[PDB]
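Below sits a lone chain in structure tokens, taken as the form deposited without the partner chain.
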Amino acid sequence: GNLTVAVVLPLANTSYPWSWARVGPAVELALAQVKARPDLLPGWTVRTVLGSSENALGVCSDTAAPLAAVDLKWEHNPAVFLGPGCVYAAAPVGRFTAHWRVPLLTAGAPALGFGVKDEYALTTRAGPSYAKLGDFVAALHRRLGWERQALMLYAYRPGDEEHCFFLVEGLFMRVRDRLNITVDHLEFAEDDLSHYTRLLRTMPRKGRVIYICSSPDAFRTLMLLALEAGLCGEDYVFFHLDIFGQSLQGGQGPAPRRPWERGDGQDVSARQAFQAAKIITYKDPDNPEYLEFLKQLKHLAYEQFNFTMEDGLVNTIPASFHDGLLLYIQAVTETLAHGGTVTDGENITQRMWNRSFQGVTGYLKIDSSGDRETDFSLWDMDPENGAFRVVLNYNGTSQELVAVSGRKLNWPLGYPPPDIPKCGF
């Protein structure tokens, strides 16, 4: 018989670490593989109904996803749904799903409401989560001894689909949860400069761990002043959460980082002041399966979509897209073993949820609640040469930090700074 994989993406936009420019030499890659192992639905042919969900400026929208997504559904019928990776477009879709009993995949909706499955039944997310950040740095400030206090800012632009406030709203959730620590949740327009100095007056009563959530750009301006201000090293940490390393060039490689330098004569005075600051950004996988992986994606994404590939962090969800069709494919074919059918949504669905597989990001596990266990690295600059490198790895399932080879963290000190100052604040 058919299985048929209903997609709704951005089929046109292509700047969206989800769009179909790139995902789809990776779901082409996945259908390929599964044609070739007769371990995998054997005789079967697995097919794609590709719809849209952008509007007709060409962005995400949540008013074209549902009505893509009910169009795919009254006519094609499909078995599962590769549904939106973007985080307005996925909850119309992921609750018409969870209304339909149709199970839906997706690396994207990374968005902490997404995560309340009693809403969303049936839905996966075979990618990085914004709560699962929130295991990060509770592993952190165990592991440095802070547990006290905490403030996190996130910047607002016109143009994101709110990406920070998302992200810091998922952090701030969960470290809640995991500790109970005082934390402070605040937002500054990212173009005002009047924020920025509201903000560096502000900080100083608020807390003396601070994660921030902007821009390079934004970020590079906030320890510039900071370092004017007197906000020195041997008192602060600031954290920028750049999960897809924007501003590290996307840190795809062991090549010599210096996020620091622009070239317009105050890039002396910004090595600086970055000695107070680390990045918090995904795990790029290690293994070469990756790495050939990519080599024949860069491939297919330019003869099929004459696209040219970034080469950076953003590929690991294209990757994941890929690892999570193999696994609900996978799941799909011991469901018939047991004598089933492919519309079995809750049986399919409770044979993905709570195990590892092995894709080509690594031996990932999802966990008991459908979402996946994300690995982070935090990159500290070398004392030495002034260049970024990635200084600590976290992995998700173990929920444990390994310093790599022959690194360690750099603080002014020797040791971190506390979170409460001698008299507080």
Second form
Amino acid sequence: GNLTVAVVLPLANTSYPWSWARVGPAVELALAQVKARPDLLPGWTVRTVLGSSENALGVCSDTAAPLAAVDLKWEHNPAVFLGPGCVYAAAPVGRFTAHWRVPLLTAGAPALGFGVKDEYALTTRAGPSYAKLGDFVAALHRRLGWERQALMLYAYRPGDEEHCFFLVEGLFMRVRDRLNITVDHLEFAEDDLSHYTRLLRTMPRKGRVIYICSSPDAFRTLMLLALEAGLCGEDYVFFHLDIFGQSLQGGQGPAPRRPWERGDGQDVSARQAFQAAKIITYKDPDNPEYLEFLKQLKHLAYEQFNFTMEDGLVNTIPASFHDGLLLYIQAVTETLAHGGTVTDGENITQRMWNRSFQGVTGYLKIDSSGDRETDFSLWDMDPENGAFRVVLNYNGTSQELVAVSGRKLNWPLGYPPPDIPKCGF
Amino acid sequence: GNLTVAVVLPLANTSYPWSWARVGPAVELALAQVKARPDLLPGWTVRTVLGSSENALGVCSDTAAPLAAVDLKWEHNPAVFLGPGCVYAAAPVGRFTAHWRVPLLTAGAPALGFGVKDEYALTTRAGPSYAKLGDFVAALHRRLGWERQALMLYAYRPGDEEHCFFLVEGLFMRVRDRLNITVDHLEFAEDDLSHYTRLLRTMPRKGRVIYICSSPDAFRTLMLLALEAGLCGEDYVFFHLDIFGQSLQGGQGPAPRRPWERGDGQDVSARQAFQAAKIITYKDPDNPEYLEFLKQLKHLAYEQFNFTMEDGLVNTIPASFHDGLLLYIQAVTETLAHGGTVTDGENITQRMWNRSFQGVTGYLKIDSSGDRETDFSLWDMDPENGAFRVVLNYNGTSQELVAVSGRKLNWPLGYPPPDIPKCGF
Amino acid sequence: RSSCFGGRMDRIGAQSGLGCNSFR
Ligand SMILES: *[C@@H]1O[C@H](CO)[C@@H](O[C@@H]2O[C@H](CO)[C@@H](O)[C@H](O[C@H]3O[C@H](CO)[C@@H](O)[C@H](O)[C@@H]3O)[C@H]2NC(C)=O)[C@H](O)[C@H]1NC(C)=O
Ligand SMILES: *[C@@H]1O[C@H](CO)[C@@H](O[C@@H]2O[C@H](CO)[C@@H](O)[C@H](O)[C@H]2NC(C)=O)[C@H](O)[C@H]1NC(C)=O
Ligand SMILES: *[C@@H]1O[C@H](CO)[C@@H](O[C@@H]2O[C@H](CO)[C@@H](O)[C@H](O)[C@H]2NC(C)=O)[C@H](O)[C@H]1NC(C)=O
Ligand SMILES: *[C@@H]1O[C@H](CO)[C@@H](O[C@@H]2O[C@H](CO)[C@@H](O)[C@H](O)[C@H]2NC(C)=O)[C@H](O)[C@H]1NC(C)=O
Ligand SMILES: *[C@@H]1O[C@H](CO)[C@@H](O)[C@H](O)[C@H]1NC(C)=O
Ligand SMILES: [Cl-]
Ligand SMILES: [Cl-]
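Moving on from the form deposited without the partner chain, kindly provide the form solved in complex with the partner chain as a structure.
Now the complete complex, all chains and molecules, led by this one.
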């Protein structure tokens, strides 16, 4: 028999974490591991049919992905879709495959709207989600005695696909249904220097625990302006939602990072503005089986796609696609062993949800609602040398914080500042 | 040859203005007229192929509309799409047909984002659009002398597909572009009383000229509370953006209306509560051919779809579909005259845009951007019997705000109130 | 959902930051 996998991913543009340049090699490693294992689809063949999800302009689009998916379905009749990664591309395709009753695997599409499993009834997300960053923040608040109020800022940059809007959307909508805190949001524009001044004039009267989604340079500028204005960190703490650790040169591996240094000249005053700043980031798997996967992933990305991978946490999306496809194949074996069909769709997914699986990225846990439990890590500065490193990891399945090698969060006062001053603003 | 016309409208739900139950006989009167005109598309026939834009639940959907459009496009090769009306259903089809280069006619889909025309290329809107309401409001402001502040409120109701959000968005964006005026916006839930109380408590601090988009019976419980809180008509003006005249039994005739009358025991206070309120509706055509067309349309709607057309102002959407299809036929006729073809989407379209027409709704004019120029109307209270009637018709082609003969705006103080209180906020 | 978050993931409703707190 033949099992057809439909890929709707950016084939030519190699700037997306889910681009076929990076995901492509990983799906090749996975599909050769099912062929080398007798206990996975014994005697069945797995073939991939490629469809693009991007314009003639090379950007993932909401009008090319649905049409590519429709063409793929009509011409190949896929068993499953490897799914777009972009939010606006994945939404229509998610609804379409929900109507067709075919699963949809994807390590992208992290927006909050995909958790409504009455519309995306068959969408399994094997990668990180923005909604599961809000139960990390809730646990962080509980550990540090924050129960009253917080503030959240996201930045507008025309190029991106509203990344911070969706990220803060998930964080905000999840951290106030399981906490009794008062959270308020606010939006500014990146590199509109007149907006930072207004933002600083507003912030003091809006909160003391602040979460910013922006680019690293925007965050560094805000930190410098806050230091100028006297928001010195004995009463403030700024969290930078840098999921992929792009301010930390990829955030993967043990190495001093010092993300406040750019040779700008004012990197001495940009050092004491970061001693009241934490950074939230995806967790780098530490498995010996994960580092061996990246090596051959990079090799085969160079051999077959002429693309050179740079280390970083952005490589956990290829690995999440690997794990998700392996999980799907193992759940499709059990559906056949029980007298089912490869085209159930509905019975296959329920053997993937509320299930825990061992992949290169570690021991997965696909929660009962489809999404996969995500792990994040917290970075803070070392007063000795002033370099950031991971200080506190969060295990998304057990939902409990873990310190690292006897590392304590560096608070200027020794203990976290309250989220409401003594004289309430 | 034959000219196929693909229809994507609700084929079974008769509760939408753009429902095939209503629009169905409207396009049948149009296609029965080209057959009677040797000078319109002489040596061709016209066919209609129907696709539904409805869930299994029975409502507009953004997954069934594009899928029906795709099936129609591939099974039949159309020359034009009569297009959905619901904004969330029309957007995907608009993008699809723009990609295929097939024109899209639609008297619905009034949202502001349909006018980009770098995305929705080849989309002629022959019916009302919410952006054109900002032009009417700007003319009102320039006439009545208030050019420094306004407040807009849109109510949220789970059922409707965010009608008031889109209406107020269009008005807000267009006013902001037309007037150097600072405006505020706010959203209140439709079905709870705490929201109304907080709204009235925080209204005196944000504006004196208020535009309200809400249900006909939720603007009357707001007007009662405002009267009870001392927000008399000396200081405030409350504009009810009731485009389809629900609060006025339709507003299709010259009879007195009394929107404040319910006979529930507090019908006396409501009459002096509505002395501070004006109502903004669409303009009902005043030409005899519109009345004859309605007379034929309601007979045909009953005699072919088993639907009893209500006598209201919501019937200008069927008439808009009729006029738009006749205009498209004229444009394609011209195109064929000059050695063209039915499939020249761009050339057929560019002859529709930026030119006037004579339908049953009057003398049309489609803006150079592709959107018909909309005419609005403004109702007011008679000081004698407290009956509502029109005082100001607005012509969108020449943007002239012309008052009815024998009628004038009646203000409690004899002249419009200021938009900024003399003392201050 | 709130006045800003929890809508549909269509690009047609993202034209204006209406209902959201913004500086632009
Ligand atoms: C709204 O405003 C327009 C004016 O801009 C009103 O009148 C129409 O104006 C146009 C000129 O822009 C006229 O052409 C049109 O009347 C003539 O149209 C064609 C032009 O060749 C001609 O063939 C006709 O016989 C007619 O003489 C004007 N309209 C009419 C009905 O004649 C328009 O009526 C205004 N609408 C309302 C509802 O008041
Ligand atoms: C690859 O995709 C990126 C998107 O990440 C493209 O960069 C964007 O290009 C658009 C133009 O369509 C700009 O408006 C954005 O500002 C760009 N964003 C960024 C972050 O650069 C890029 O042009 C594409 N390149 C190729 C070769 O396809
Ligand atoms: C996070 O915690 C979970 C459980 O709290 C860990 O999952 C265990 O992993 C081992 C490894 O084989 C399994 O044998 C156990 O059965 C798992 N526990 C369960 C399923 O309850 C997980 O390893 C932790 N994450 C990390 C990175 O250590
Ligand atoms: C026809 O469409 C209307 C929508 O205008 C449907 O009424 C809505 O139904 C949804 C769920 O189906 C509810 O959430 C809304 O509150 C309803 N709105 C109303 C009643 O104004 C109606 O059910 C449809 N009926 C048929 C027969 O198709
Ligand atoms: C549109 O039509 C007017 C006359 O009706 C003409 O002057 C103009 O050049 C046309 N094109 C535009 C305005 O882009
Ligand atoms: Cl994609
Ligand atoms: Cl529709």
